[PDB]
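In structure tokens, the next block holds one chain alone, the form deposited in one PDB entry.
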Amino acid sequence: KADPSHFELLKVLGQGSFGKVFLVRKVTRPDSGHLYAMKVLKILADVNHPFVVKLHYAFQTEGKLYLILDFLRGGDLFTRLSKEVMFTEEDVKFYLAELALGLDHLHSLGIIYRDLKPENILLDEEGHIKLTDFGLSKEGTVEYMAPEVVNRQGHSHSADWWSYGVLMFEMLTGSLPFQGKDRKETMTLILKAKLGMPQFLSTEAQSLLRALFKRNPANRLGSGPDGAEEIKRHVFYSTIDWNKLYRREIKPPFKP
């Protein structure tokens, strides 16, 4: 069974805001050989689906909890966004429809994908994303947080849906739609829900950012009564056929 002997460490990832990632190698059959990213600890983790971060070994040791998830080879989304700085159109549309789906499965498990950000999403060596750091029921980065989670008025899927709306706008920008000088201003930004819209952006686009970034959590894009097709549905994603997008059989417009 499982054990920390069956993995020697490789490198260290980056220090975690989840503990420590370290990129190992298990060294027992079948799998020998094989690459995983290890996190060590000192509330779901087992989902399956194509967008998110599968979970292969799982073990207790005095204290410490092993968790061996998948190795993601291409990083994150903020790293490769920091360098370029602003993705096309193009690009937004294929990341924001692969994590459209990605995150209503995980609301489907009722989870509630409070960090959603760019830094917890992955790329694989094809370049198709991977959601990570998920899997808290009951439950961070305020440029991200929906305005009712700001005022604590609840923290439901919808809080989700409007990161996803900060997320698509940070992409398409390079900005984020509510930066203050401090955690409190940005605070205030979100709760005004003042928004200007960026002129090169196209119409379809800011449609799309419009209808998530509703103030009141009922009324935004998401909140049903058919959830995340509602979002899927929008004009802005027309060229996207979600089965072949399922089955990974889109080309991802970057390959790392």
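Positions refer to the first chain, counted from 1. If you superpose the two forms and keep the largest set of C-alpha atoms that fall within 1.5 Å, you have the rigid core. Compared with the form deposited in another entry:
- In a rigid-core overlay of the protein, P225 has its C-alpha displaced by at least 2 Å between these two forms.
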Second form
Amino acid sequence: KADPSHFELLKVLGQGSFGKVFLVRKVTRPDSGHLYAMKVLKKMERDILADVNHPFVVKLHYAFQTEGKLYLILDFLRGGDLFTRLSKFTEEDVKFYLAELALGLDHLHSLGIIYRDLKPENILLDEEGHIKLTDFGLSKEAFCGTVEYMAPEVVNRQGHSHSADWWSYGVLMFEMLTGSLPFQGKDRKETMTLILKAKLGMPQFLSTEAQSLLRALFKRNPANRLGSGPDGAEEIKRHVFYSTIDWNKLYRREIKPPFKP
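Output block for the form deposited in another entry, input the form deposited in one PDB entry:
Excluded here are partners and other molecules; the one chain stands alone.
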């Protein structure tokens, strides 16, 4: 059991688009003195269920109803954002992060959760430097999102499935290996057209294997896109870009992250 009184505010961590986020101590048993991230909600940004157990998805520990509000207690993730940490660099360092991402993402998909706008701020590191996906339940509206990371079917307000998120996954991958985004204009609107129309040019400094994976991920038609079938990331995991990845050691957090916080 829990209520707001069970938790003492230490500091506000941020006040983003998808809510206000406090660091808290639990003072109640059994997890006395354990730090969490609290997030106060309810009373643009709607919600959907969450009880997710995955090494690369944020755990909801508690969630309770008090004064016509909804509090959510979650892993306190000390590592910060993935992108921040890189901005302080190998293809082998990225492949670790993309392997872990793929496993968690694929887990959200099997539960029916789909990001649409999956962006770098949704991917936090923990103390050890393993990734944790956040902010997957939500849903801004008046659907709004960050256009750079959106698949074509999504930009076009057509239907979408989990394939949308492997497009985004390619964008993240591309952004990591290059420091640039694959489609960007001066405007949200010019960016949208490049996503629909521009045939992406492969940077010729990427491995032949990374370019293989990016061409596979960047299919305007979801049905041609890698991961698009119902076994999802089974297709992706088998790609030669991840030859060096023992997917079972990875899930068990037995592979040393390349950067230590």
